[PDB]
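> For reference, the chains in residue letters:
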Amino acid sequence: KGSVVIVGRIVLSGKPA
Amino acid sequence: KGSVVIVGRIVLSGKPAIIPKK
Amino acid sequence: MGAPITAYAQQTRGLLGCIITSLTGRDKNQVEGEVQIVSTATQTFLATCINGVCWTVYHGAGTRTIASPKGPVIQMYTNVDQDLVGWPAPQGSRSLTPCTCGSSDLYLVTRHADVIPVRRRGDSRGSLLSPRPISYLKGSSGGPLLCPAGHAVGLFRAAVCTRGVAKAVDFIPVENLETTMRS
Amino acid sequence: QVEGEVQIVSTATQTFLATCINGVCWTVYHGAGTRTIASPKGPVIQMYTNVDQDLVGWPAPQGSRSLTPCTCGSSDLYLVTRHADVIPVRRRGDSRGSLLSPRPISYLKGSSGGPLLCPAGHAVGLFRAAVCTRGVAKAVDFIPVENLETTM
Ligand SMILES: *[C@](O)(C(N)=O)[C@H](CC1CCC1)NC(=O)[C@@H]1[C@@H]2[C@H](CN1C(=O)[C@@H](NC(=O)NC(C)(C)C)C(C)(C)C)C2(C)C
Ligand SMILES: [Zn+2]
Ligand SMILES: [Zn+2]
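Chains as they are written, first to last, in PDB author numbering: chain D, 20 to 36; chain B, 20 to 41; chain A, -1 to 181; chain C, 28 to 179.
Mimicking DSS-like on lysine-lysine, the simulated pairs with C-alpha atoms at most 25 Å apart in a straight line are: (1) A:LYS165 with A:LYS136; (2) B:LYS41 with C:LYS68; (3) B:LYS40 with C:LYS68; (4) C:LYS68 with D:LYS20; (5) C:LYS136 with D:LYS20.
What follows is a set of in silico ranges between Cβ atoms, one per label pair, in the way DEER data are often shown: (6) A:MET74 with C:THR38: 54 to 62 Å; (7) C:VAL163 with A:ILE17: 57 to 65 Å; (8) A:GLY120 with C:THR38: 48 to 56 Å; (9) C:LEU127 with A:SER128: 23 to 31 Å; (10) C:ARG117 with A:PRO67: 39 to 47 Å; (11) B:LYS34 with C:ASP121: 24 to 32 Å; (12) A:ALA39 with C:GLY90: 34 to 42 Å; (13) A:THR160 with C:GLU173: 24 to 32 Å; (14) A:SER181 with C:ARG123: 48 to 56 Å; (15) A:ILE17 with D:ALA36: 19 to 27 Å; (16) C:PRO131 with A:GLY0: 17 to 25 Å.
Derived from the structure by calculation, the hints contain no laboratory data.
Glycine included, each C-beta is placed from N, C-alpha and C at the ideal position.
Please build the complete structure, drawing on both the sequences and the hints.
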């Protein structure tokens, strides 16, 4: 048991901004 | 009269995408 | 577009640049998207581009011209009764297509870019599967009601509310768009 | 300055997905366990853990936006993979759905915890596990949003 790290993200709308 | 002006947009054509790590 | 229906909003002009552009009628900003967030000095609403024309509610646009890179653009169609107006879709916008499938389940795209489901209850009505406060629906007049396929069924026109909570929405079916063009 | 609803998370042994729905960042217990989630202020613990329903959840991280639960009961679902691929799925039951076009199991690998969207892009469920015959994933198991809403 350690730590869950976020290695990335997904934007469902495809928003570039 | 005053013109209707575009102050923004709503895009429906976008598809899921991994947000670029920049 | 396609399914699932996802949408996002992007503001492109502030209150002061907006006022100047309203007067000058010359807007040099780049256009993208099928639904444009639009405003007059009195109010802000939406305008949807269906088949190369940028449609919106007459009760919002009146007979105003739309600010474009070439100065004000006169309306192509105006129909006080259908409560519609249309200008040539701006350069850079993408257009939707009328719903060729008579789907009973519609999806309303709000000004805040939220796609909320509405159940058709007639040619121009649909129950808001999840009642929202009127305030939330404000600014979405002229927005599109999409079928599951991403096609225009109608344009949000008015809310059917009570106690400040809308449980249904009155809309202008794409049918009136064609009849408004024939007129 | 875009915000993501789906975070591509990973532990030391594996990688999978998490989905923010109603302020909570959900994912599968068989991926995270009781593991705490990283934060620039240090490890932040799970608000929810439910080995039974295979559900765990921490408060939504930064750079995330919450998904809205489905409210139309549509059966035409869409699965989003860790590669942002959308896979059309037909709901075969409370927690079961049939891919409209089976894909090699590898294609769905690492997408557990991801969202199963309805035609309006709303959360229908959370991808729990692929159900495959031989090397091809034909269907998928998923945690309905109600379980999540229930857990809250
Ligand atoms: C849009 O024009 C806008 N500004 O976004 C606006 C959206 C509504 C949703 C909350 C604000 N539409 C209207 O204001 C619309 C235009 C007036 C009256 N309208 C209404 O929506 C009213 N409801 C209504 O008339 N309902 C019916 C037609 C009786 C079913 C409100 C009381 C909600 C403002 C007109 C011309 C119909
Ligand atoms: Zn259709
Ligand atoms: Zn739904």
